[PDB]
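*Asks:* Spelled out from the first residue to the last, the chains are:
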Amino acid sequence: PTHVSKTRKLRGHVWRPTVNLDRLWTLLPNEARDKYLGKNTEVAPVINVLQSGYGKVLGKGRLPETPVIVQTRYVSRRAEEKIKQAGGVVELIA
Amino acid sequence: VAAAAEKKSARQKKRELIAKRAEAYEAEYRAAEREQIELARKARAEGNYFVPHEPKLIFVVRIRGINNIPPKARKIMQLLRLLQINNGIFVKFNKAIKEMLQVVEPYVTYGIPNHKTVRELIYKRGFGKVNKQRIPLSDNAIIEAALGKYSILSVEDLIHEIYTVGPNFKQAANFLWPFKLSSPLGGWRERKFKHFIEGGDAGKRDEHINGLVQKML
Amino acid sequence: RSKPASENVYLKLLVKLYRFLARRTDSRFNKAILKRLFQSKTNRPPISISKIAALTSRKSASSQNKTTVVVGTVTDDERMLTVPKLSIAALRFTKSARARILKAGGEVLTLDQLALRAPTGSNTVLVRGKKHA
Amino acid sequence: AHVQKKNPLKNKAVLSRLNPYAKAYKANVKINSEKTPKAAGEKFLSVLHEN
Amino acid sequence: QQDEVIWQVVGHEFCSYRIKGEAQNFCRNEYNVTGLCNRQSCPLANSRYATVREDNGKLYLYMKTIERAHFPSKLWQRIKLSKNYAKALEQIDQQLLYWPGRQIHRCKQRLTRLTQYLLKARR
Amino acid sequence: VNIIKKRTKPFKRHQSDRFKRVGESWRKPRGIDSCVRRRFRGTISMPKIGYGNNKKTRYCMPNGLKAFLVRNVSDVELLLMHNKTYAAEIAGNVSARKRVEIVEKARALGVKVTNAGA
RNA sequence: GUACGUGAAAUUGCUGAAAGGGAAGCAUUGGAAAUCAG
RNA sequence: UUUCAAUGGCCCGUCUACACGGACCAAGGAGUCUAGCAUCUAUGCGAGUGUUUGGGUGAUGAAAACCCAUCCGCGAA
RNA sequence: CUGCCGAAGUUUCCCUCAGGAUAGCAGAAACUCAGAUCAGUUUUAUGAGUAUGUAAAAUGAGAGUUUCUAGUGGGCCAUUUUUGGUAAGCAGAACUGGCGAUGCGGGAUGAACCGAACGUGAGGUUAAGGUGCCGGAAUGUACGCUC
RNA sequence: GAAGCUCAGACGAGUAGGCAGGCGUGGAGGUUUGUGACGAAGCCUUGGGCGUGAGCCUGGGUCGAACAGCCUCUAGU
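Line order of the protein sequences matches chains A, B, C, D, E and F.
The UniProt record's numbering puts the first sequence at residues 2 to 15, 69 to 148.
Per the UniProt record's numbering, the very first residue in the second sequence carries number 34; after that it's consecutive.
Per the UniProt record's numbering, the very first residue in the third sequence carries number 15; after that it's consecutive.
Per the UniProt record's numbering, the very first residue in the fourth sequence carries number 313; after that it's consecutive.
Per the UniProt record's numbering, the very first residue in the fifth sequence carries number 2; after that it's consecutive.
Per the UniProt record's numbering, the very first residue in the sixth sequence carries number 4; after that it's consecutive.
In case anyone wonders, no lab produced these hints; they're calculated from the structure.
Note that CB positions come from ideal geometry on N, CA and C, so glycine has one too.
Warning: the hint list may mix true and false statements.
Said to hold, decoys possible - Pair by pair, the computed Cβ-Cβ distance ranges are: (1) F/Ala119 - B/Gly98: 15 to 25 Å; (2) C/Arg33 - A/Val5: 43 to 53 Å; (3) B/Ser42 - C/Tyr24: 30 to 40 Å; (4) F/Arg30 - D/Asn319: 44 to 54 Å; (5) E/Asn57 - F/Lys23: 53 to 63 Å; (6) B/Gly244 - D/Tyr337: 23 to 33 Å; (7) F/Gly120 - B/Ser215: 32 to 42 Å.
Claimed, not checked - Restricting the straight-line Cα-Cα distance to at most 30 Å, the calculated cross-link-like pairs of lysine-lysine (DSS-like) are: (8) B/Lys162 - C/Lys45; (9) B/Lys162 - B/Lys125; (10) B/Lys162 - D/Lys324; (11) D/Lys317 - B/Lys46; (12) B/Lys165 - F/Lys101; (13) B/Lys182 - D/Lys350; (14) B/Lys41 - D/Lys324.
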């Protein structure tokens, strides 16, 4: 818009995306979280970070104590132990 | 009938209180003037010399404009609240004030007023600084609101607090706005910007400042 | 400042309501909101459900039923999966945050609702969003 | 309030408002009389009429 | 939605019954009495009010109700006065005694000017 | 309350009389050395906010009535509640038939018409 | 009226009015003459 | 409105007293569009965000509107 | 078109260059304490040899900030110091104000002299300078000098 | 006409520059049952009125077909 401009007032005056453990439980479908988080079930949920375009699973954050299997290409050196006491397992994608 | 009744009675009793106060102050002025006369007469008779009294109150009037003034002097003007020609302010005459005044000696005139000029000023040209506003003193309630903490309840109490230099002299300035005086009737002297002793009009002038105010006022 | 720079009529109603509350009561809470409702968008940072939950259940708690008040946006934090029962008043809640409060928790309020509830702002915590951005 | 500023010195009604004392102020008072005690020290006359 | 948001939309800037000039604005709306645009007298923005307007030798009145205000056909009802200027005045103040009185001083004054028409029209 | 005008003469543009290309309408002198810009003694005056008239008597005809432009019968019909404040002004491009219709309506409302003699 | 719708200014002529002894133009205040207005 | 009297009034613009431009009038006539970047304000959404490269639909007006597809960009380290 | 706010000429250094800087000023947004929190100011005490500083009484004012961002970075005039100086001026620095952006009264007239810092008016009173006439205002009063 | 009403006080030069509110022009969307051959726009005018101003309304004459107010958009303003 020229009418608001200053000229109309001067007239005359001259590859590896990263995911941390505070976010794995957000990658599930919400019904999977509803029916699998916190329930003492024999079978544990499985998370494939690669299906969300994530290469390496870093370990920042706390975890719920529900066991969960995480499938990943690469993993940070603490991210695996935190899921040990979380009761779930980590196994490595080829 | 009630509510307003007790307010009127308290209003009434306050009216006699300032009446009683005013009587006390007037007796104080007359007694002070009398002993001045008697101690002068007695000393002059028996022979020994009486001496004047170092004054603590003087009235100051700025007589030069706002152009061509050194930065040292205009700074003093700001600290004195003399920011305009033909203004006027009171200052507690002491060593700090006296030594301050000679800096602006050619730019102000100062001297010791007596009770009449104080009373005339407040009544006629007395404007009170209420809430950072130049509010005239048309009522005693105006002064009560701003000086009730210091037990000053009327114009006459303010006049005594000023003229006799009470402890609340400092606690009365920011209640009172500078006296914006008119140009003096009859004029100044022929050469206004010489020292008063030299036939001019600037500087300390004592018993001949009362005259000036009557004109300026 | 003396008026908000937005043209939102609903925001101007809040300003109209809280001008009255500030100038007809002595509550400094109402004055605080009025000063913060005049603020620009980047001076009103968001707040998170995680932050509010931490700020309520903090140290000696002392939150109880005190309704949390913030003048801004209350965004969600997916990093938390356990959301406590909360009572929150704000200009606007993101869709995810509103659902997470309602489905498992307490209530969401707008600022006009808060005035009808606690016009003096009694028993409220007046949080503010992180200005570091 | 106070549309116009009135001088107590000229408007007598405004004095009655400001001073509940101008009713009886009694400016002039006989404090002399027939009996004036002229008193100027004798040596004060000597030093005055000196040189 | 509500009456303030309606006022904030139509009242301030755009209405078909509003007339701006050099620095003044009037409300032509047939249901306003003072004829000028404000929140207290806005026809579109506010709830039930009362007005009167001329027709071929008589005056007649507009009102609203709150329950029926969603149905514009009978949102307004019309009552007719064609007997006398004075009797119109007593009628008008009567039908607004049980109603807020902030409008009568404008309403009752409007009448006599409309009736003054008929006299001047006759002359 | 009498209507008061601080100034009656208009502010003519500098040298608007020595040239036919420089117009009567006021223009602010921009030149740094303009004796009119520096407001020398004897030079023409410049519009200032100090000449603004009283808000109570501003926009009022010499008889204390404000002008309202009227183009059809509807406009004057809207003036019935201000017959004491606003005087109607028939627009220039209103036909002869409408002018007599408006003016007769305005007479019925008792509202002042400034140019009824047309 | 084909030098063709409207026909501005610069510019020229005629009539009327007024002023003018080495300029004028402009501004403020009024008088006079003309002309309006409520 | 004209004119008279008294009083005052150096020709304007530009540069740095000048000087340089100006015979008069009319029309035209000079900070524009676009890309990047930055601040600020406003609006929408919010750990997300952005569908107009593309597909569907719109025939009664169709270069619009509306719907769908997030490969991807920026952000989340 | 009107209104409002409104500097700078020298700083802060930096530079190859013109410049920027950087301030300062003017601002624009956020946030402390109702304070000894300040000051182109004075005073008192205090050491050292009226001034000096520090600390504190007077005095006026609400006093701080961190952040980004326009324009300016000249010169002239006079005062005070001031070494080289000569028929005589002249040169050298440092400082101060005024001027640039400033109209008005006065000095016959004038970039700086004397007063005075400006919205539209009415009335009153003055500054500087004047009161024979031009010219508003005493061909005033008093005492002398001068042909 | 809360973007409103009301009371009080102080203040008013201004270059570069900073900020705010307005006047005017061509075209677009919306609205005013808007104006008009019983004379639109334009043009003239010792006619009148309004605004501090940019400018605006109107009387009379000439003229002969289109034009404007308001809220927004826009720019070869």
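*Asks:* With reference to the structure, classify each hint as holding or not holding.
*Replies:* Cross-check of the supplied hints:
1. F/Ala119 - B/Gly98: 15 to 25 Å: violated (59 Å)
2. C/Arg33 - A/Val5: 43 to 53 Å: This hint is violated: roughly 29 Å between Cβ atoms.
3. B/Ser42 - C/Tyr24: 30 to 40 Å: violated (55 Å)
4. F/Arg30 - D/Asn319: 44 to 54 Å: holds (49 Å)
5. E/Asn57 - F/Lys23: 53 to 63 Å: holds (59 Å)
6. B/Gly244 - D/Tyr337: 23 to 33 Å: Holds - the Cβ-Cβ distance for B/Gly244 and D/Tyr337, about 25 Å, lies within 23 to 33 Å.
7. F/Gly120 - B/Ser215: 32 to 42 Å: violated (55 Å)
8. B/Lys162 - C/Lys45: With a Cα-Cα distance of about 28 Å, the restraint between B/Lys162 and C/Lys45 holds, given a limit of 30 Å.
9. B/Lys162 - B/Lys125: holds (19 Å)
10. B/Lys162 - D/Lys324: holds (25 Å)
11. D/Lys317 - B/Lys46: holds (27 Å)
12. B/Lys165 - F/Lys101: Violated: B/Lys165 and F/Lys101 sit about 61 Å apart, past 30 Å.
13. B/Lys182 - D/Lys350: The hint is violated at about 49 Å.
14. B/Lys41 - D/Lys324: With a Cα-Cα distance of about 23 Å, the restraint between B/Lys41 and D/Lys324 holds, given a limit of 30 Å.
The structure fails to meet hints 1, 2, 3, 7, 12 and 13 from the earlier list, while all remaining hints are met.
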